[PDB]
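Student: Each chain, letter by letter, is given below.
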Amino acid sequence: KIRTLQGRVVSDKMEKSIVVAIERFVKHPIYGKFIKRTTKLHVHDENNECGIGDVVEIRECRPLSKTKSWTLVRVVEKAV
Amino acid sequence: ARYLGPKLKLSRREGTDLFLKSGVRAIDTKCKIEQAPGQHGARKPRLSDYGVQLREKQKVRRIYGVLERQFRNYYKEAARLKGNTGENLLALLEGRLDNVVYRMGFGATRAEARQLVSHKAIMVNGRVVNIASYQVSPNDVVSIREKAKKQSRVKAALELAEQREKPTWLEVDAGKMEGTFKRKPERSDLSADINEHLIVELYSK
Amino acid sequence: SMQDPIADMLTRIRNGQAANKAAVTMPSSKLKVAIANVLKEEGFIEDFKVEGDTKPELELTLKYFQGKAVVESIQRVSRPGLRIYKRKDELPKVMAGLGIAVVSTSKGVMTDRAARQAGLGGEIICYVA
Amino acid sequence: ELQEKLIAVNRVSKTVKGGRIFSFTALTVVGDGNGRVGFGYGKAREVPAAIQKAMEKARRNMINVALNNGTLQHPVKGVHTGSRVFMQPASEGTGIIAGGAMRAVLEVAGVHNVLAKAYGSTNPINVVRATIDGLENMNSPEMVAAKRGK
Amino acid sequence: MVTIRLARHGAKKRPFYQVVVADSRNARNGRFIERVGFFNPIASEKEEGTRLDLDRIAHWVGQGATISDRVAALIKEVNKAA
Amino acid sequence: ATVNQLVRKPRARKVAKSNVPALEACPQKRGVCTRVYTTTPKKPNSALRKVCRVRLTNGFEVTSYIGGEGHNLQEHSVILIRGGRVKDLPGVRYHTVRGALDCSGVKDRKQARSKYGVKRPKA
RNA sequence: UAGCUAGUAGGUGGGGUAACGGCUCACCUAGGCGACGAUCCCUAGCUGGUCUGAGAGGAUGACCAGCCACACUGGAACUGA
RNA sequence: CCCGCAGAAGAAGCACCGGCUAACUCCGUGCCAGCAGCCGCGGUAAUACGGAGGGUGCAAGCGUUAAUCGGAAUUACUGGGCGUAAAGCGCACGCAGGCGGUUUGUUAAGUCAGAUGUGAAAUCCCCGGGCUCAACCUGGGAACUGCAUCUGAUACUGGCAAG
Ligand SMILES: [Mg+2]
Ligand SMILES: [Mg+2]
Ligand SMILES: [Mg+2]
Ligand SMILES: [Mg+2]
Ligand SMILES: [Mg+2]
Ligand SMILES: [Mg+2]
Ligand SMILES: [Mg+2]
Ligand SMILES: [Mg+2]
Ligand SMILES: [Mg+2]
Ligand SMILES: [Mg+2]
Ligand SMILES: [Mg+2]
Ligand SMILES: [Mg+2]
Ligand SMILES: [Mg+2]
Ligand SMILES: [Mg+2]
Ligand SMILES: [Mg+2]
Ligand SMILES: [Mg+2]
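Residue numbers (PDB author numbering), protein chains in the order written: chain AQ, 3 to 82; chain AD, 1 to 205; chain AH, 1 to 129; chain AE, 9 to 158; chain AP, 1 to 82; chain AL, 1 to 123.
Simulated from the structure, these hints should not be mistaken for laboratory data.
Among the hints, erroneous ones may be present.
[Stated by the list, open to error] Straight line, CA to CA, 25 Å or less: simulated PhoX-like cross-link-like pairs of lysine-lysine:
hint, chain 1, residue 1, chain 2, residue 2
1, AD, 57, AE, 13
2, AE, 65, AD, 205
3, AH, 68, AE, 125
4, AD, 76, AE, 125
5, AH, 93, AE, 155
6, AE, 61, AE, 22
7, AH, 21, AE, 158
8, AQ, 42, AL, 9
9, AQ, 38, AH, 86
10, AH, 21, AE, 155
Please model the entire structure based on the sequences and the hints provided.
Tutor: In structure tokens, the structure reads:
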């Protein structure tokens with residue numbers, strides 16, 4: 003359940019894993035202005051049924067691999 | 001210390017009697033009210049917009065016999081306590097066991113009183129007190145030590161206590177030589193034309 | 001304008017009264033009126049008419065007193081790429097309460113007063129005064 | 009209760025054919041405890057002969073302010089020439105907090121307790137009126153509902 | 001070995017201890033879970049002057065709060081049953 | 001400027017140059033005195049003032065001034081650098097504290113004795 | 001300093017830890033990181049907090065307290081919770 | 001800590017006074033001696049060097065140096081400028097990035113509201129106690145912009161659908 007995130011499966015050239023850059027917002031701690039950010043994670047997909055250009059929610063969990071601590075939960079959007 | 005030097009020579013650098021040495025004559029000759037505060041009495045000391053707050057300083061200051069630092073600590077806090085920081089300052093300068101004890105007939109000159117308190121010869125609200133810079137809150141049971149009620153100082157002093165514009169913010173019966181600070185000396189009743197619209201600036205830089 | 005609308009609105013009025021103009025005009029929009037109410041119903045304008053069921057038109061009838069204008073101190077704030085948001089303990093208070101700041105709270109847009117009165121924050125807008 | 013206090017007295021000069029001359033300049037303002045203010049400015053070949061002209065022109069041609077109890081009310085801010093000034097309402101107790109001109113031009117303008125500061129140049133003959141400019145906009149809390157309400 | 005011991009926090013000569021539930025191998029008065037009452041060694045009869053939060057005491061002893069002597073004495077010294 | 005124009009490269013403080021290199025937080029350092037001389041002032045002034053090139057403990061050899069009338073400062077005579085520059089003397093960004101280590105304080109100076117070096121006149 | 005990285009990024013099975021994991025090994029895929037600034041160079045123990053300041057902000061991390069690291073230098077394991 | 005015992009007795013110094021800056025005179029010197037934070041002082045009548053007289057300011061301390069912030073809105077979100085004072089690329093196209101006319105529906109991420117954990121204690125601050133006061137010690141509360149979570153709000157912003 004956690005919270006997940008409809009990140010972007012920017013990468014998939016891996017096996018059972020996919021690099022995903024999550025978009026994020028935040029006010030500047032000084033000038034104050036909503037700015038976009040990124041959260042590139044190494045998700046896990048045993049069946050590898052995600053795909054690039056797609057959109058999916060990622061959830062954190064047991065440290066699967068050195069950097070990979072998240073797994074695929076669902077594929078909201080996809081296609082290209 | 002507290003100047004410990006010539007009182008008149010210091011009163012000249014101000015003019016308006018700063019109390020201190022009294023209980024007799026003073027003023028009009030025997031002092032030289034702004035006649036020669038030093039040597040250039042003639043040469044007009046045309047102060048600046050700054051000279052005021054600064055010259056004012058010595059008055060609300062030396063008149064009570066205090067140092068330069070001890071004063072700041074007072075003023076700084078004189079702002080913390082909610083309310084008009086201005087007068088809120090004179091109050092503390094009043095509750096001081098110095099002027100308090102003094103303003104009740106005891107001792108001719110505040111300094112003459114500072115000695116009494118310092119020498120255990122003073123008592124307040126039961127327990128004895130020998131520290132001048134003691135914030136004497138109202139309602140206290142002030143009174144000279146019965147271990148010296150009849151000495152001389154307080155005697156030849158309590159006499160002029162009458163001439164001293166009878167304080168209202170308090171009630172002191174020269175009788176058994178006791179008194180109690182009724183309530184805060186509301187600026188007005190504080191018989192003084194002194195200007196405080198500077199004390200708040202010179203220390204607000 | 002060719003980017004931010006509301007920005008022009010607040011201007012149009014401040015400009016008009018600047019030169020004792022009758023009443024400037026601009027293409028009406030839902031948000032434009034929500035900010036308009038807080039003008040006529042908040043003492044700042046006579047009233048606003050409409051024109052065009054598809055191509056509307058706002059009509060802020062400016063005002064002036066003795067020998068000067070009424071709404072003589074208006075400015076935008078939560079402009080794009082700089083939008084401002086604040087909580088109840090942060091709510092504005094235009095010119096020491098003497099002025100007003102349109103605030104788009106979750107419960108419709110309304111003057112600074114209705115903000116605290118209703119107890120809530122909202123997208124601060126201009127500083128009418 | 010017309011209060012009058014000097015602001016500044018520079019010398020100012022000018023060169024000419026034979027040699028060069030001078031015309032001392034005097035800056036002064038005027039006002040009453042109530043809340044009126046009326047500055048001025050004059051000059052002459054002597055400190056006094058000029059100081060008087062300045063005041064006279066000052067005591068004349070003046071404007072009033074909606075001065076409150078003793079301080080101000082809303083955020084006052086008047087500008088003029090090369091100088092920006094800001095004045096804030098200092099609650100009772102905090103005496104007049106100002107530097108040069110902006111100071112003297114207030115202890116007579118009625119305002120007793122207020123803390124303000126400038127931004128631009130410190131030029132006196134410019135900072136003075138710069139303060140008045142603020143007063144110029146200092147409207148009162150009342151009357152507003154009149155211009156707007158009904 | 002958590003327990004409710006005493007920790008000196010008063011000025012020199014005029015000590016003002018502070019009972020708190022902390023670890024056994026903990027420093028003088030550093031690392032600590034939660035301060036349960038105190039104890040002011042003076043006098044002059046000022047109504048009170050040495051609370052203790054009795055109810056909090058038990059909250060931990062349930063496990064293994066090795067409440068030291070002095071502190072344990074506090075429970076008694078103060079109206080534990082009143 | 002523009003908010004975003006900053007987000008790229010926010011404003012920055014201009015690192016002030018410590019007009020006192022042979023400082024290193026040290027309010028003063030000992031010396032060695034490589035040599036002492038008598039140079040001339042800038043341009044608007046005259047008179048040959050007294051200066052000295054003392055070598056600091058950190059090998060930061062520099063030159064200092066010798067305030068006050070007269071001085072016993074010889075050559076190998078060690079001194080304690082004070083700091084503070086001068087005007088007529090170019091480069092000289094330090095002064096020798098009189099009445100300390102080897103350098104003796106002024107002579108017969110019955111005024112502002114704290115400077116230089118003169119412990120009470122005679123009481 | 002504009003490129004950087006093979007146990008490198010991930011996957012299988014052995015092995016291993018108190019326990020997840022290239023932690024390690026064999027094999028397989030050829031990834032992974034980077035201008036939202038990697039890699040490299042200089043510097044620095046981190047925080048509560050401290051100083052200054054109207055505030056925002058700037059400077060700082062001594063003594064008190066929490067955390068981390070270090071114990072002649074480099075290296076290693078033994079006992080044991 | 002309290003009592004008593006002689007006896008003013010044993011207990012003042014430092015800096016500054018040309019302008020910023022409170023506080024002036026007289027001598028000696030003569031671009032020499034030297035002063036100097038800045039502007040600048042001195043080449044026979046120095047309030048600026050040195051001494052004295054005096055005064056001004058601090059106080060068991062005073063002054064000099066070193067160091068941070070302040071002033072400095074002088075890196076400026078608050079809170080700045082770019083015709084000539086420093087400052088518009090020689091000019092276009094355009095990726096990323098930033099920004100987005102208008103109406104409705106939907107979403108509820110930005111945002112607003114309330115609840116909850118949590119943001120150690122101690123500094124700080126409000127009130128109030130304990131040292132004769134104060135320094136200091138100490139009770140309670142506030143506060144800890146924060147982080148996340150739960151449930152709501154839907155005006156604006158963002159997403160989707162329809163234009
Ligand atoms: Mg004119
Ligand atoms: Mg300037
Ligand atoms: Mg210096
Ligand atoms: Mg494995
Ligand atoms: Mg180090
Ligand atoms: Mg500031
Ligand atoms: Mg070793
Ligand atoms: Mg002067
Ligand atoms: Mg000198
Ligand atoms: Mg002479
Ligand atoms: Mg700044
Ligand atoms: Mg500029
Ligand atoms: Mg140019
Ligand atoms: Mg061009
Ligand atoms: Mg805290
Ligand atoms: Mg929408």
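Student: Looking at the structure, which of the earlier hints fail to hold?
Tutor: 2, 3
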